[PDB]
Each structure stands twice: as C-alpha cells, then as structure tokens.
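One protein chain omitted, others in place.
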Amino acid sequence: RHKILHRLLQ
Amino acid sequence: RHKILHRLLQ
Amino acid sequence: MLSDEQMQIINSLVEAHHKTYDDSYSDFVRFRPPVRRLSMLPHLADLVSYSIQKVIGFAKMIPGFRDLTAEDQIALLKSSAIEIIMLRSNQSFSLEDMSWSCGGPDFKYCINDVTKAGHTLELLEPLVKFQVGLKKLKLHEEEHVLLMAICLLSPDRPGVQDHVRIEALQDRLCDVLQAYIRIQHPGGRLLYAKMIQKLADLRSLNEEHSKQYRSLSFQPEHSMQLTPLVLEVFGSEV
Partner (left out) sequence: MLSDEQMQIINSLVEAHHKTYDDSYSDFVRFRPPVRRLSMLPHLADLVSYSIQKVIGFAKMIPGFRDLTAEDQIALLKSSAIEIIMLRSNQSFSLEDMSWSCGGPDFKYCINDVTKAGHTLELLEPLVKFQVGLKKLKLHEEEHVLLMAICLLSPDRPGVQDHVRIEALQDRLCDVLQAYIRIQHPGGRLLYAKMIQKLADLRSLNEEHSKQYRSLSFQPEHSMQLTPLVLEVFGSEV
C-alpha cells in the first residue's frame, strides 16, 4: 500500500 | 493480478 | 498589519515553492519525448509524475503538514495532487499563447497537445478557462503559494481522519491570506472571494479528471504507459 508515497514522505 | 500481461496475451 | 508569526508562514511557503518549482524546466528533457490521439500520453504522464514529486516536496514544507499522521498526509495528497498541479502550472501559462511554456519549443503545450493524452475537451476546456481566469487575477507570489497550501490542507477530502487538526491549519492560512490581501494588495477587496471560487473550480476539474482517469486505468494498454507513482497517487486503494 502506497509504497512510493511513504518513501517520498520520508 | 497480471492485468497488463493478460491484455497483451489477448 | 501582519504579525511576525503570519509573516513567518508566508516566508516558509515562498521558500518551499522556490525549492520545488524549477523555473529553468531543465528536467523536462528527461521525460519520454513529446509526440505531436494518445501520442502525448508518455510525455505528459512523465510530466505529471514529475509534478507529483514536486507537490510532495512542497507539502512536506507546509508548517504543520509533516506532523499529521502518515495516513492523513497520504489522503490529502491523493485527493489534492491533480488540483495543486493545475494551480502551480499557472506560472507557465500565458494569456497571449493560451499555452504553458516550459523552456524550449518542445515543451510549449497547446490545447491541441494536451488533448492527445487520453483526456477529452470536457476536462481540457474548463482547465484552459480556469487558467485564464486565474492568470487575470494577477496574484502576488505570496497569494499563489498560500492558495496552494490552502488547497492542499482542505479537510473536506475523502480519507482524512483528523478533520479538526487540518481545518485548524487551513483556517490559519486563510487568515494569513485575507490579511495579506487587505494590507498588501491594492484594489483587492474582491480578491479573496474570487480565490475561494477558484478552489471550487478545482474540485470540479478534479472530479472530471478522476472520472476520465478511470477510463485510462481500465484499459491496460493505456495504463501501462503511466508511471508507478502516477498509478499509486491516482489509484483507488485506501
């Protein structure tokens, strides 16, 4: 779930 | 599951 | 007269915008090249995916956003990202051109070009009309970045839990914007009301983009042309 978004949000 | 592959295989 | 705290908010939003809007457009050569019915979709998907990364960077610097839960941060970006991209794109839009000019000639975008990425004129005609209406307001950069932050921090978005926390953040920004316009914008008595109407315009544009994106995303020969980050942000998972 939302793997890239989590990473980009730090 | 494998939505693009299924489509490309027709 | 604006307080120091209200002024610090303006400063931090302007700095955040300057850190993540690249006036030189130098990254656009990295995209899959434009081709001038779906011929612009590779290029414009890359363009939108890039813009999402910039909106995320901007959001992370809005005072208060980073203290929200990870779920609320994701919920606000998933529902508002397309709106922020439409808003921030006004700084390359030209009334003379009716186009977005992003550096070189390959990266100037007509209505003809942006209808070649799977979306139709019922999205593109209101979007262009929104751009000229917004451009005519001649917003100060302070007003422009405040509007983006207010739009991002809207509590009436699907998926947000802490409604009251983010409504408090939004009300603070609204207060800043109303005071800014009164003190610093000559002839701006009607401006705040017009800016709020543009937020409503964006909701309508968001709805039309979401409806039309569902068409693309259900056709795998088209969705396979998108990027992983676009699929995540405009996808329907919770």
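Per-chain numbering from 1; labels A, B and C assigned in written order.
The rule is short, and it goes like this: a residue touches a chain if its C-beta (ideal position, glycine included) is under 8 Å from a C-beta of that chain, and two chains touch if they have at least 3 such contacts.
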- Considering the complete complex, of C:33, C:104 or C:159, the missing chain is touched by C:33
- Since one chain has been left out of the picture, which residues of chain B touch it in the full complex? 1-6, 8-10
- Query: What residue numbers in chain A mark contact with the hidden partner chain?
  - Reply: 3-4, 6-8
- Item | Touch list for chain C against the chain that is not drawn | 29-33, 35, 42, 46, 223-224, 226-229, 231
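Methods note: only the chains that are shown with their structure count from here on.
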- Message: With contacts counted as defined, which of the two, A-C or B-C, has more C-beta pairs across the interface?
- Response: A-C
- Determine the centre-to-centre distance between chain A and chain B, using the mean Cα coordinates as centres, and give it in whole Å. 26
- How many angstrom between the C-alpha centroids of chain C and chain A? 19
- Note on the structure: So chain A residues touching two or more other chains come to none
